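Have a look below at one chain only, the form deposited without ligand HXX, in structure tokens format.
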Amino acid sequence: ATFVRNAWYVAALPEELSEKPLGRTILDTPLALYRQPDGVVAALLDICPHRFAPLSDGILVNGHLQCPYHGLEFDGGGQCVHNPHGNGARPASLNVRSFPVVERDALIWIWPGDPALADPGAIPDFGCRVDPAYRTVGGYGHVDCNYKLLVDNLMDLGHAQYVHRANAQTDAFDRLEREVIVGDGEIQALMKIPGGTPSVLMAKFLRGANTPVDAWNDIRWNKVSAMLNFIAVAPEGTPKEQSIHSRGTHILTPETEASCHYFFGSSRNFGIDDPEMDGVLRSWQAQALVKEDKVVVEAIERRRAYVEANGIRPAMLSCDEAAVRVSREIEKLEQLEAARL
């Protein structure tokens, strides 16, 4: 498959890991993810060096992952620390590949490429997720589509007007204002819906509304497939700087060429201590992302064979600039690698 391996990808949410290993495939690479006794997260190739058994099916012994087949034990670095057979020798050939991993902003980031090049400073900024001023809730979802389809989906938040009709439709959609900002390793799609009636969702954020209001749906894309949106609503002429909002985490990580992992979240500055508001945001993520965006994109993935078999290319609309620019940047990154090594 075609992937951009030299970049950080989210492999899991902190709460998904423990002393019991989690087996998950990232960029066609099977991984064994677990948290060691000292709390440090480890990510090993889920293939024992001996006979290829799944290390993820083993248990921790003295904080070391024990292969369930013949008992070899490994440390977080992939180093074999115990061989219960024969002279118990541990030659270098018994070490397993260990991947660079960094736990930051309540996310487990992994570098699937040359471990020597992993640069922590290149990890996208999702600080809001651990900011005490924000309330964050979210989850995980699996989708049977190429990750680029979801990136396209998120880079044109205008699809909410239809796919999420019941919760996001606005009567001022025809008055939308959009801008695209290209930076270094970052692209932004700004959108503002002026003087309209709050959508059913924004209304909930406002705990009941009717009077006109201004709403924004901006989104920031960072190298490969990590996005953070900005959904905000505020009366008439109230600047978005001081508006209530939700900074949404929308990060995709390729599983196989035709499937991907979707990590989503909401970091809001309103109704912080409201379990009901928590419910509103969780219901939306469940219906919108997992049970609406999934259907559209999975159906699109099923039609790929037909479109490719024939010479069908997509027809872009005025709302596609951002998505197209991001698509082109990912394509360039793919070409570089396919061309580098």
Second form
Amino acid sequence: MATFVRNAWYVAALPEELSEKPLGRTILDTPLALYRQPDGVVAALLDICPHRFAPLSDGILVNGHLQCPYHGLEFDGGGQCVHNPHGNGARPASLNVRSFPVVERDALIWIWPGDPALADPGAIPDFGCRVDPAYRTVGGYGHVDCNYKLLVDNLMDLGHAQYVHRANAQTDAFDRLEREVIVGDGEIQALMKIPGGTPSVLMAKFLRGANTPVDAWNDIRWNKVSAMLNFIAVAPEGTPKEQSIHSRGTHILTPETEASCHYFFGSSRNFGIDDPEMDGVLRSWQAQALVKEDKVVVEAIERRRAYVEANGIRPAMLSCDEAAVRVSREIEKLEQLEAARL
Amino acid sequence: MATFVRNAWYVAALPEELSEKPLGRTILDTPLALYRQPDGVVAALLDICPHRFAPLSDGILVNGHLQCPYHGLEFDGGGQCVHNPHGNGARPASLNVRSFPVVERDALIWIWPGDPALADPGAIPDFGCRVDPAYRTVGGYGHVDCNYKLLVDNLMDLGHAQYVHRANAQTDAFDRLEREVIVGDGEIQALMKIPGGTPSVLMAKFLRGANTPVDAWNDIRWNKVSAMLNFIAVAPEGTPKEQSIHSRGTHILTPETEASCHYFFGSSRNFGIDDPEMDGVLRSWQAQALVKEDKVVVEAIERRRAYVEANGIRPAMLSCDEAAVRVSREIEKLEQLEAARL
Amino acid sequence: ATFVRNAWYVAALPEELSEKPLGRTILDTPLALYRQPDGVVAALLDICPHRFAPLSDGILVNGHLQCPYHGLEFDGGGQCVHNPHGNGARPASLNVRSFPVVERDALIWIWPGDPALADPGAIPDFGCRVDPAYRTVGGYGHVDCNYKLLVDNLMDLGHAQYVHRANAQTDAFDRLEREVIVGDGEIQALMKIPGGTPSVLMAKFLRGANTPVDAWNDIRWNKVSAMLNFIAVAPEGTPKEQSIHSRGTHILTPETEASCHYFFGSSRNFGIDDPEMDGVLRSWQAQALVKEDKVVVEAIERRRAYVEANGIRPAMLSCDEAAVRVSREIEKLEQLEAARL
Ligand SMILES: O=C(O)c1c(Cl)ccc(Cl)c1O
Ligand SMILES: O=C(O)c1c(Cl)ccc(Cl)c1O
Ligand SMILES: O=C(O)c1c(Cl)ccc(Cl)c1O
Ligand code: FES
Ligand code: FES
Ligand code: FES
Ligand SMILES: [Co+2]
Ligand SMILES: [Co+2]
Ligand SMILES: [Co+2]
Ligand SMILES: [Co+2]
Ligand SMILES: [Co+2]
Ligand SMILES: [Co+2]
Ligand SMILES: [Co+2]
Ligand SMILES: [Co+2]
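Having looked at the form deposited without ligand HXX, could you now put up the form deposited with ligand HXX bound?
What follows is the entire complex, opening with the chain shown before.
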């Protein structure tokens, strides 16, 4: 296949998307059949029947077993063929289908598409806020026609806020930014404190009313490959970013093909937990910003890749590209390390 | 090199599809202009004008001659340029267009897309029942986005009936009771007799007799490349076979591209010959079996070919795959034999 | 792909440009075309130097095209005139490629190749389009065929007898008199349809006047793919040198190897104040060009794979002289350029 970092955990779906009716979805050019078994456990099988290659995702569950819609072979969550209705009903090993390591955690469905012997659920990113009773989480799914790295670049960058999300987050006090970049093992963080300018649209609706040279906060954490969690906050007194009013944003990308990807987004609130109106506001921003703004930009950039590559054009970095560049380099190393292993 | 067996007869159309208005259709990646001349004889020309390559199929007949819609060159059924309206009206040999051997027989339009010197109308499969006054034939055409071999596999197989054609073709009285596969020269037959009695709703209404147990038959014949004729029958007591209530089903495939094909189907009844109403029902059930059922499965499988090939995945055969496997091997040989020739 | 990059091509009609950028691809090169506040047209590579966003999706800010992604601003020459980030430094690496552009004869010409070779002496003459003595109407069409197929089409005005049958058929066809004049960077194909019944279309040009007449359908080709035809019809043996006519603009600009832009127009010498005659011409352009010719060339493009896979070559007729010579000139230009770099 192309260049993907297969040895890592990726989100394949949101829990609400799975049920007894299989979901067919492609991850890193690998077609998967994702479904929840009767015992509530999620299973992930290669969406290719071992017999004649029909999509198992088009089948239904029979006694908790996924049945191939073509000739009826039945499989368990581990991919073992548990029933062959033909002939003497023999089930040779050649009839088992490939099963992928899968972990449901933090209201996310994680999958390991690479070497199964190398998985290890302990390396899965921490998105605990998504199931923390102290937070209220709302979110969704989006499909985007761009290489996932373009969206990683996007999420790791604050600059476009002023233009891409013009109508929304356009701080007239964005000329006085400050951004710290922390590098760790398979982890990078861009932290920013913002003490100035009475909001505009976004934070406004999140807020109520305040003013002082020290309030806002905008941060983002990146974990190995393409899983990010941001931190959007605002508060009164010289109180730490803690005790503040904030939303931790889930922004996770999973490559589908070399030129397309899956986008799992969400907002985990610390305020208005029982307020349905805020839920709307948040979902209204996600649909606007992430689906009606960032998508348009990255999809247009993807359409220009052929030209940039055909010619020897390289990007010209600005002062605000530090975080994105470092993440980009880490992802590159991971690709090389894996290619070397091969 | 998409790999087609060019030296063989293929159905390019049903008689009802042809008239004085040319039909443009691609067979084995070869664009053809098919039309019936004023004398009623069908002609098949390469759909590429010798002059500047315009589609002759977009032209009209002028005095029984197909006129190119671009600059007016006129051709006869043999591809000879019979009129050049330009200059001195000279007609050099370079102006003739390629003509394909074509035979209208058994209410089918047969064409030889390969080496014309090797044709021979005598090798054409026998589908006499289609024009036998003792039978009533109804049928149609269907386009499918799958390599033709996937549909050949399908037609040569009885095991998916229960799941794909779920009920209409379902029969718990089908089980698995000895399927005889006879291999000939350019012909293969899969014979299956089911002593138990379970006649379709249509044929049962003809058993009459005087209350008697009945046997049933589900046979199919395959001829060189991809032309099949099945035998669905039922009869009482000492069930002979040729004196039973039956339908001979025409199921012929013709490759369009490497990943698409033409499907010509039909039913030749031996019962209810004077039931125009029954005509619509039988054609509708075949259309349903193709469009809403077999098509969905084979097109999904075609969508998985890239992955299976990129990886080294081979199919895992079951007890019920004997007939399909043998036909598949015969087609393979034919490809090799032809590849060896040139 | 094989394109002759060192030549002027029409990238748009003036009416298509404004302060809102137009994104259009020419010879596989994405362009951002727009008219600055001073009225001057600019043509920039539609790829921001920073992170490659389409500048054509941006808006003008103080006469400067602003990238919609992170706000870099550029002038008509591609110079980055404003960087809102950091210390606002503007290193040379931030400038975007600008293409030589000339607005002339109600056409927007662009040089997509080596900018140092842009030789304006080569911009074709289409003066009739802005000559107050003529009335011009026209439009744009996108076609899914290699541009050379449409060049062949336009250089064979004879196809009108069949392709444009319902409007161009003539009974005096077998009496045609065609000649081919070759010259320095220019080729002309002349056609004369002697004293015959005016064609349906020529009838309209003559407000329904079915009386013996002489017809003319000439065409001029200039370096690469810019053509201007001459459709005239006049009584008995009157001279065409001074007749009722229409000079047809037929210019093609490759988009990709298998697609192109078609800029067409009609510059009348009659019924200048007759809007119904405008409709007659627009109708013809919509039917014949955007439909009739398109249907034919698009079908031919669909057969290229087969013809090439096999070793099929076209069989030329007596009426192919002009098209063949133009085809050979274009070939030479490709070779000359391939030889250069
Ligand atoms: O989608 C988010 O997590 C988000 C929100 Cl809720 C508010 C503001 C910004 Cl700049 C965001 O990126
Ligand atoms: O499609 C057919 O030829 C057919 C018919 Cl008409 C009746 C019953 C069965 Cl089981 C068939 O496979
Ligand atoms: O659009 C044109 O220039 C044209 C007209 Cl008006 C009449 C006939 C032909 Cl063949 C043309 O190409
Ligand atoms: S393809 Fe799955 S049982 Fe046959
Ligand atoms: S392409 Fe057929 S006559 Fe010219
Ligand atoms: S991509 Fe244009 S300013 Fe960033
Ligand atoms: Co079980
Ligand atoms: Co069983
Ligand atoms: Co079986
Ligand atoms: Co954004
Ligand atoms: Co004849
Ligand atoms: Co079937
Ligand atoms: Co300025
Ligand atoms: Co034309």
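Each form is matched to the other, and the largest set of C-alpha atoms that superpose within 1.5 Å is called the rigid core. Residue numbers count along the first chain shown, from 1.
Original post:
When the rigid core of both forms is overlaid, which of 71, 76, 141, 235 is the one whose C-alpha moves 2 angstroms or more between the two forms?
Top reply: Spelled out, the residue whose C-alpha shifts by 2 Å or more is 235.
Subject >> Threshold 2 Å Cα movement between the two forms for residue 210, core superposed >> reply: Comparing the forms between the two forms, which are aligned on their rigid core, residue 210 does shift its C-alpha by 2 Å or more.
Original post:
Hey, core superposed, how many Å does residue 117 shift at the CA between the two forms?
Top reply: Residue 117 is displaced by 1.4 Å at its C-alpha.
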